[PDB]
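Undergrad: Residue-level listing of the chains:
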Amino acid sequence: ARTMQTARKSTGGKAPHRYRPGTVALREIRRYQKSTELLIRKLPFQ
Amino acid sequence: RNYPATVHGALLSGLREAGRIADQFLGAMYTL
Ligand SMILES: Cc1cc2nc3c(=O)[nH]c(=O)nc-3n(C[C@H](O)[C@H](O)[C@H](O)COP(=O)(O)OP(=O)(O)OC[C@H]3O[C@@H](n4cnc5c(N)ncnc54)[C@H](O)[C@@H]3O)c2cc1C
Numbered sequence: 001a002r003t004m005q006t007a008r009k010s011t012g013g014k015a038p039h040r041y042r043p044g045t046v047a048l049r050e051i052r053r054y055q056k057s058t059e060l061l062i063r064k065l066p067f068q
Numbered sequence: 805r806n807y808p809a810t811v812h813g814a815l816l817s818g819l820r821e822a823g824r825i826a827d828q829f830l831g832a833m834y835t836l
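In order, the protein sequences belong to chains E and M. Letter by letter, the first sequence follows residues 1 to 15, 38 to 68 of the deposited numbering. Count along the second sequence from 1, then add 804; that gives the number in the deposited numbering.
Calculated directly from the structure, the hints in this document are not laboratory data. Don't be surprised by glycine CBs; every beta carbon is placed ideally from N, CA and C. Treat the hints with care, since some could be wrong.
Claimed, not checked - Far from chain M, some chain E residues (derived; all Cβ distances over 12 Å):
no.: 1; residue: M4
no.: 2; residue: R8
no.: 3; residue: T11
no.: 4; residue: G12
no.: 5; residue: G13
no.: 6; residue: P38
no.: 7; residue: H39
no.: 8; residue: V46
no.: 9; residue: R52
no.: 10; residue: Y54
no.: 11; residue: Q55
no.: 12; residue: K56
no.: 13; residue: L61
no.: 14; residue: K64
no.: 15; residue: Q68
As the list claims (entries may be wrong) - Ranges between beta-carbon positions, derived for each pair:
no.: 16; chain 1: E; residue 1: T11; chain 2: M; residue 2: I825; range: 38 to 44 Å
no.: 17; chain 1: E; residue 1: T11; chain 2: M; residue 2: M833; range: 45 to 51 Å
no.: 18; chain 1: E; residue 1: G12; chain 2: M; residue 2: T835; range: 43 to 49 Å
no.: 19; chain 1: E; residue 1: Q5; chain 2: M; residue 2: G818; range: 20 to 26 Å
no.: 20; chain 1: M; residue 1: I825; chain 2: E; residue 2: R2; range: 29 to 35 Å
no.: 21; chain 1: E; residue 1: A1; chain 2: M; residue 2: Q828; range: 30 to 36 Å
Based on the provided sequences and hints, a complete structural model is requested.
TA: If you want it as structure tokens, here you go:
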């Protein structure tokens, strides 16, 4: 085999999930623009 | 097997079989 190669040795063969900032904000925009429920609390306002 | 067609291969094969024959016909005192 290559153990007998004395010159010109043949070397061929051997060796949680986070959302991006701004996404939840936009989703909140979509959520409250569809609804009409009051946003400010009732008792602190009173 | 590991050193075929070489000088050292035949050298080790001679050492091997010499040890094999001696353990066979003289007994092995180191295996106990
Ligand atoms: C051309 C060539 C180049 C080599 N180059 C390298 C090299 O660069 N490097 C390397 O590491 N190895 C090399 N080798 C290998 C190396 O020569 C051998 O490993 C070693 O010389 C032979 O060891 P052996 O005793 O097992 O074989 P042998 O010495 O051949 O053992 C057989 C013996 O039995 C005798 N015999 C044969 N037939 C009979 C019979 N009918 N009755 C009685 N006696 C008999 C023979 O004369 C011989 O003395 C080379 C071999 C050759 C042929």
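Undergrad: With 12 Å as the threshold, tell me whether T11/E passes as away from chain M on beta-carbon distances.
TA: holds, 20 Å
Undergrad: Check the non-interface label on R52/E: least C-beta distance to chain M beyond 12 Å or not.
TA: holds, 72 Å
Undergrad: Test the statement that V46/E is away from the interface with chain M: the closest C-beta pair must be farther apart than 12 Å.
TA: Fine: 66 Å to the nearest Cβ keeps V46/E off the interface.
Undergrad: Can we confirm that no CB of chain M comes within 12 Å of the CB of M4/E?
TA: Label violated. Min Cβ-Cβ 7 Å, cutoff 12 Å.
Undergrad: Per the hint of 20 to 26 Å, is the separation of the Cβ atoms of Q5/E and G818/M within bounds?
TA: holds, 25 Å
Undergrad: Is it correct that the beta-carbon of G13/E has no partner in chain M closer than or equal to 12 Å?
TA: holds, 17 Å
Undergrad: Could you check that no beta carbon of chain M comes within 12 Å of the beta carbon of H39/E?
TA: holds, 53 Å
Undergrad: Beyond 12 Å from every chain M Cβ: check whether that's true for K64/E.
TA: Correct as stated: the minimum Cβ-Cβ distance to chain M is 89 Å, above 12 Å.
Undergrad: Does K56/E really sit off the interface, with its C-beta more than 12 Å from all C-beta atoms of chain M?
TA: At roughly 78 Å from the nearest Cβ of chain M, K56/E sits farther out than 12 Å, so the non-interface label holds.
Undergrad: Would the non-interface assignment of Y54/E survive a Cβ cutoff of 12 Å against chain M?
TA: holds, 78 Å
Undergrad: Does the Cβ distance between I825/M and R2/E fall inside 29 to 35 Å?
TA: holds, 33 Å
Undergrad: Does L61/E clear chain M by more than 12 Å, comparing its Cβ with all Cβ atoms of that chain?
TA: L61/E is indeed farther than 12 Å from all Cβ atoms of chain M, at 82 Å.
Taken one by one, the earlier hints fail for this structure only at number 1.
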